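Once you've looked at the hints, dock chains j, l, k and J against the given chain A.
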Amino acid sequence: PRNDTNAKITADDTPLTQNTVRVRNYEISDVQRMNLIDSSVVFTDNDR
Amino acid sequence: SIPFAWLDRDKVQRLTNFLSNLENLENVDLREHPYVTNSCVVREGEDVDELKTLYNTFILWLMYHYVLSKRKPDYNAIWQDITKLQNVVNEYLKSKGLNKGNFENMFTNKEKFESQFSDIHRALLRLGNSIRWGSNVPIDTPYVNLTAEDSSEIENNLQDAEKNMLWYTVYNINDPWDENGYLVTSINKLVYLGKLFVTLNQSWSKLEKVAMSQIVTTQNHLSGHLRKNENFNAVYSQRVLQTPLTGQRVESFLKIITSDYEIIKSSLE
Amino acid sequence: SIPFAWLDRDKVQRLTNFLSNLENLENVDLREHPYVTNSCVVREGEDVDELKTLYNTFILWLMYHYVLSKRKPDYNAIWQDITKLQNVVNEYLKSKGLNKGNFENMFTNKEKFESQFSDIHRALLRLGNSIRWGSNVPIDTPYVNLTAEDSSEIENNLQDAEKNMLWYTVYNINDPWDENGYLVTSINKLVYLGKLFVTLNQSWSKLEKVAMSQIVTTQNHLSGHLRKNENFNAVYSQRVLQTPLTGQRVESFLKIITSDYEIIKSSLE
Amino acid sequence: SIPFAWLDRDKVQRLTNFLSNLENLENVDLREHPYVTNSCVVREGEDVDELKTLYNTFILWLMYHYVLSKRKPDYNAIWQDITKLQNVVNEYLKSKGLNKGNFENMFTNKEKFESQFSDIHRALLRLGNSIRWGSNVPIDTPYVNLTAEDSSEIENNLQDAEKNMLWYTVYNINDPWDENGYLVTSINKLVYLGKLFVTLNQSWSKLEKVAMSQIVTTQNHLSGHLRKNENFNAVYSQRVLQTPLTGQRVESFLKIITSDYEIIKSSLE
Amino acid sequence: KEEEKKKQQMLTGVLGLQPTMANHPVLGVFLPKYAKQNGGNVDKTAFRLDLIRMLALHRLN
Numbered sequence: 722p723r724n725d726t727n728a729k730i731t732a733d734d735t736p737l738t739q740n741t742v743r744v745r746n747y748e749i750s751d752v753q754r755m756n757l758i759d760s761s762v763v764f765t766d767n768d769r
Numbered sequence: 007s008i009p010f011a012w013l014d015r016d017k018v019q020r021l022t023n024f025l026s027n028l029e030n031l032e033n034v035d036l037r038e039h040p041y042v043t044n045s046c047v048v049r050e051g052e053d054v055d056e057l058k059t060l061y062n063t064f065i066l067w068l069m070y071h072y073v074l075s076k077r078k079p080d081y082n083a084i085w086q087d088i089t090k091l092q093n094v095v096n097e098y099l100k101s102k103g104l105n106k107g108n109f110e111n112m113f114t115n116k117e118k119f120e121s122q123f124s125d126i127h128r129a130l131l132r133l134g135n136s137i138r139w140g141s142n143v144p145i146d147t148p149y150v151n152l153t154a155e156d157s158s159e160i161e162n163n164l165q166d167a168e169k170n171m172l173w174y175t176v177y178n179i180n181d182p183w184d185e186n187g188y189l190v191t192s193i194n195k196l197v198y199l200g201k202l203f204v205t206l207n208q209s210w211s212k213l214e215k216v217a218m219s220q221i222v223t224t225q226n227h228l229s230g231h232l233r234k235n236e237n238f239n240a241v242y243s244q245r246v247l248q249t250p251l252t253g254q255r256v257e258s259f260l261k262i263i264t265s266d267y268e269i270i271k272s273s274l275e
Numbered sequence: 007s008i009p010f011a012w013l014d015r016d017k018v019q020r021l022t023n024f025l026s027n028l029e030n031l032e033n034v035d036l037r038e039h040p041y042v043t044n045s046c047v048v049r050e051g052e053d054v055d056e057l058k059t060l061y062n063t064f065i066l067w068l069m070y071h072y073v074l075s076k077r078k079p080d081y082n083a084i085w086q087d088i089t090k091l092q093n094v095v096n097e098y099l100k101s102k103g104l105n106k107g108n109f110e111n112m113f114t115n116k117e118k119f120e121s122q123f124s125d126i127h128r129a130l131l132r133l134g135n136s137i138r139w140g141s142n143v144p145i146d147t148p149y150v151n152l153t154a155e156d157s158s159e160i161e162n163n164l165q166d167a168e169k170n171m172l173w174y175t176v177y178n179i180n181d182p183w184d185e186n187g188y189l190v191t192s193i194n195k196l197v198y199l200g201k202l203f204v205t206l207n208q209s210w211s212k213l214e215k216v217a218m219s220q221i222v223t224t225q226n227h228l229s230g231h232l233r234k235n236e237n238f239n240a241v242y243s244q245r246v247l248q249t250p251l252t253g254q255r256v257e258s259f260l261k262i263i264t265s266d267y268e269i270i271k272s273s274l275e
Numbered sequence: 007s008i009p010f011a012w013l014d015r016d017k018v019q020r021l022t023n024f025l026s027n028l029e030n031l032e033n034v035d036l037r038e039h040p041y042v043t044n045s046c047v048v049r050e051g052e053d054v055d056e057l058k059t060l061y062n063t064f065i066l067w068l069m070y071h072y073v074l075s076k077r078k079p080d081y082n083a084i085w086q087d088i089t090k091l092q093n094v095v096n097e098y099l100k101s102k103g104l105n106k107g108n109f110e111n112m113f114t115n116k117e118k119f120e121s122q123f124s125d126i127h128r129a130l131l132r133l134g135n136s137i138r139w140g141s142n143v144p145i146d147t148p149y150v151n152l153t154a155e156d157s158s159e160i161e162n163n164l165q166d167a168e169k170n171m172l173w174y175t176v177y178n179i180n181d182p183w184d185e186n187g188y189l190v191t192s193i194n195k196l197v198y199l200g201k202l203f204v205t206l207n208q209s210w211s212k213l214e215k216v217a218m219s220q221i222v223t224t225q226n227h228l229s230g231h232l233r234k235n236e237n238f239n240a241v242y243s244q245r246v247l248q249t250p251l252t253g254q255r256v257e258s259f260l261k262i263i264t265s266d267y268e269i270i271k272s273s274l275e
Numbered sequence: 023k024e025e026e027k028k029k030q031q032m033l034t035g036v037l038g039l040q041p042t043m044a045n046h047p048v049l050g051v052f053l054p055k056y057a058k059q060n061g062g063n064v065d066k067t068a069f070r071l072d073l074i075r076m077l078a079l080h081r082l083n
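Read top to bottom, the protein sequences are chains A, j, l, k and J.
750 is the number that PDB author numbering gives to position 29 of the first sequence; each next residue is one higher, with no gaps.
119 is the number that PDB author numbering gives to position 113 of the second sequence; each next residue is one higher, with no gaps.
16 is the number that PDB author numbering gives to position 10 of the third sequence; each next residue is one higher, with no gaps.
252 is the number that PDB author numbering gives to position 246 of the fourth sequence; each next residue is one higher, with no gaps.
60 is the number that PDB author numbering gives to position 38 of the fifth sequence; each next residue is one higher, with no gaps.
Relax, there's no trap hidden among the hints.
Only pairs whose alpha carbons sit at most 16 angstroms apart, straight line, appear in this in silico EDC-like list of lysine to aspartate or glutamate:
#, chain 1, residue 1, chain 2, residue 2
1, j, 78, l, 184
2, k, 17, l, 266
3, l, 116, k, 156
4, l, 201, l, 120
5, j, 201, j, 166
6, l, 90, j, 87
7, l, 90, k, 155
8, j, 261, l, 159
9, l, 261, k, 38
10, j, 169, j, 29
11, l, 118, k, 155
12, l, 118, k, 159
13, A, 729, l, 146
14, j, 261, A, 748
15, j, 261, l, 155
16, j, 212, j, 168
17, j, 78, l, 181
18, j, 261, l, 156
19, l, 58, l, 275
20, j, 76, l, 181
21, l, 118, k, 156
22, J, 55, j, 268
23, j, 76, l, 184
24, j, 261, A, 751
25, l, 195, j, 80
26, j, 90, l, 97
27, l, 102, j, 87
28, k, 100, k, 110
29, j, 76, l, 159
30, j, 76, l, 156
31, k, 212, k, 168
32, l, 58, l, 14
33, J, 55, A, 748
34, J, 66, A, 759
35, J, 58, A, 751
36, k, 78, k, 32
37, l, 116, k, 161
Rough simulated footprint, nothing fancy, chain k against chain l, three-plus residues with beta-carbon under 8 angstroms:
#, region
38, 112-121
39, 231-245
40, 255-265
Hints are computed from structural coordinates only; laboratory data are not their basis.
Each residue gets a CB set at the ideal place from its N, CA and C atoms; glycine is no exception.
Isolated chain A, as found in the complex:
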């Protein structure tokens, strides 16, 4: 969601900001994001 710097969005103790989140890459299809659909790491499209 928009303007996250007001709030504190969490899924672990880590807050999910622009910087904590790795951007989703739809073409290269990294293996790390495939591991982290099982794990608890949030991923964004950078479109906002």
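Coordinates of chains j, l, k and J only, in the frame set by chain A:
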């Protein structure tokens, strides 16, 4: 390892040397100096040059924006001293004891626009106050008053800030000679540091918008030439090179395009 | 002329190149390179080696310790920025924003207390999270900056310093949108420089302690081997090589055995 | 004219160079420098050594104690400033205001007597009073003055002085601008100068007792080894080498053994 | 010779794909990149999904 196009061993070493020592030379503008862009070329006429040097300049502008975003120094370091002078001296003089003005007017002209002030009229109010403390009436010299031994040198400092916003120095106005003491030295440092802050921020925004405009410009001309062929490696290079870029995403895309330079050197026609 | 007992010119070139590029190669630790010790071996097999590899390694450990104590870089240049960020910002934000001047950085006062840094870093995690958000909720981030794209880079840099404390580089911060404006210096960079500084000191004392322990062990073995012969220059070499060595004695003793190399090569059996 | 044993001119020039530039290099001790002790040794086997290097080490310790006793700087100049601070400031403030510790004023007046070794121990309480003057509600401050750079370089300077008693530097505590009060900065003056004075005297007395103990040891070895011979030159060298030595006696003994050198060299076999 | 066993082991770990599918271009290009991974603790499922989405990207008529 420092990815580039079909280049020689002299051009890669020279571009590595330039983008490493981007901080030491003055007038950092890549649009301004043409010794890099025209020379990062395969030669070979224009026929084999076009599509490959398009990718070469794409990597050059992209890595230029990367090293800018990595080598920016913090300007909040100078705005913290702006806040220290403006809060701790000038409010205590203008509102406390001497009180040559209104609490609301002076306090809110200092307090308003903590983030993103570009106002010259607030400065001009402090200039009129300082010159009223000074000898004369008019505002011919904005900054330091009573003395022009430092005026062209402070303008040289601001031009050097405009040239190299990555490496900047504070003038630190001289102690023994003064129009008056603590007050106009505080006002003087406040005006000079505010001008330095807005100068460095405008120069950074200029170079960031320039670099992003050049990268987005080269993406379209790259995609138009690469769109036509139908091999899998070709269309995968098309998708990798059509992934959208922002200045805050360019670092991750630089890592991605290294790991895809593993293939797309061979995917060129 | 870096005198070695009985080696090939190739082996002398190997050991001279090792002690020359000690600061350049990674993983600076003499146990980590077996081919240095394998290069240190003497010709003609075990009958020659059982007497002469002891003296050869007794030269080589001393020279490793000598180039180790000579090529120490000063770690006050990195503590200077710790004190600068600490004293200038971490005091003054507390004094301004009414944190009653919690002195906790001043319990150490020095580079002498290599303990309590972890308690200071946990307190700084609480401070940085309180300044970034009002919620407080003490969280389990390693770094206040919330940067996960460069935390791997920071841990990479710390492992690089662990491998080569002789040659170190210092990382920095990026500013498109700042979590903390200028506070990011004295809470993020203070944690990074504190971890880097205590890492360099611990790895330094670790390597120096290992070098001194191996020098003492080679003293004991080589004296126990050379005890048997009662000849004149033999027990002269016993009295020369029986001398106890500190890290304060070691450079002068290198000069002693440099002088003694001409007589001792004949003197050994 | 500083004659010695059967050494070469290079080794004699090494000993003369060390004893001339003793004050220049750091950590002035023979157990710091085996290069003096092992440049002391004579060639041609160990029988020459067991007869003659005992005599030469005896000569080294005599002349080393001589150049110590000739080159000791007098520390009562800094004790004069200690007495000025203790007499002038502390007595006036404690007897004047908060006049309940007049018995501790008489205690530091007894500390003015030359018994400062026991007195520097548990001095801290009169820094504990200055805690309150430096900062209100006196919780705790470090073992030295409040300033971090000053405390670190005071510890550095004390280590430098303890290494080299012969060459010491005053720190020059003072500051133009002080959060601290002038009187508690004079307290910091007194604390640092007292530590420097007691450190220099204790390290001097340590090396002086080391030199005297080594001289007595080498006397016992020389007399036990030259006991066996019955010649007139032998018993004359026995008496000259048997005369007992205090530190006041060592200079006249050096002048006496200078004159007796020509007959005891022949008396050694 | 040295590098072939790892590629084939990862090929059988992904799905148990047949060599006939190993000859496919999407496989022929990505098996070397999947070689420089899966030696780590990453996953086996991630590689299946990656092959899925890449094979899908390949077939856009």
